[PDB]
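The structure under discussion is supplied below as structure tokens; questions concerning it will follow.
Only a part of the assembly is drawn; its chains keep their places, and the rest are absent.
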Amino acid sequence: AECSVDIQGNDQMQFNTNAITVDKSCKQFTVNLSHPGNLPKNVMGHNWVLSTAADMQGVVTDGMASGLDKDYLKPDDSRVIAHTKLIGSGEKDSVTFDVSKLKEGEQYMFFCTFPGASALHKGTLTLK
Amino acid sequence: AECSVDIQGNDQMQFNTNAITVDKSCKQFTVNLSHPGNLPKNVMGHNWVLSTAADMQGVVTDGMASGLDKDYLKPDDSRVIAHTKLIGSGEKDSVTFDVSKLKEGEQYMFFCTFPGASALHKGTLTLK
């Protein structure tokens, strides 16, 4: 099974996917985030952040509240299972995490914590 | 508030969204389903079907079993709150339903009953 996915965020505050599957045979999984937009990180930043569905709102709220210099993530936020850095136009960033950190049955969500994010700038992550 | 949404189904057996919001002040709500793919209805049919989250399994199971000639919906399925017809490439169909059929605190799902739909070929419909 493939153990990596390629995700893009654009100038419209949109990922080009709303659902990621992670095969349970993968020991590590890698998300390759890129930004094919024109706008710089300060005005149109994207990151890819993973948490349980219950923690998502808190991660996003405290993250926006932390500011750009903190990558819009609260420091030492244990709710964050994995994340990329925040990136602007023409940048890329990959995160590899251990799939064992995921549990069968639990509900996981991926999302971006740059302020202005819509209710749909998020997605499901599911084991298969 | 707006009381309609445009949904597209594609040639990879997907919807372009997995989350629809229905403003609570809407008396009626309209889903505009379109099929911009190239594949005909008998190989890549899409419908948009709404039920409670708990009823989705039964609607999907009985519907897929009812055949192309019934639009893959069990006849007289009272669990189906609203639905479009099954469409192929270049077809469109709209459904309008009364928002009083939705109840606060209840969870609702939209999905597709054409055989072969993955577990991810569905979404949440939520009152806001």
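A and B are the chain letters, set down in written order, and residue numbers restart from 1 in every chain.
Going forward, a contact is a pair of C-beta atoms (placed from the backbone, for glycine too) under 8 Å apart; a residue touches a chain by one contact, two chains touch by 3 or more.
Number of identical chains making up the complete complex in this structure, 2 of which are shown: 4.
What we mean here is this: only the chains that are shown with their structure count from here on.
The distance from the centre of chain A to the centre of chain B, each centre being the mean of the chain's C-alpha atoms, comes to 28 Å. The residues of chain B lying in touch with chain A in their complex are 17-19, 21, 119-120.
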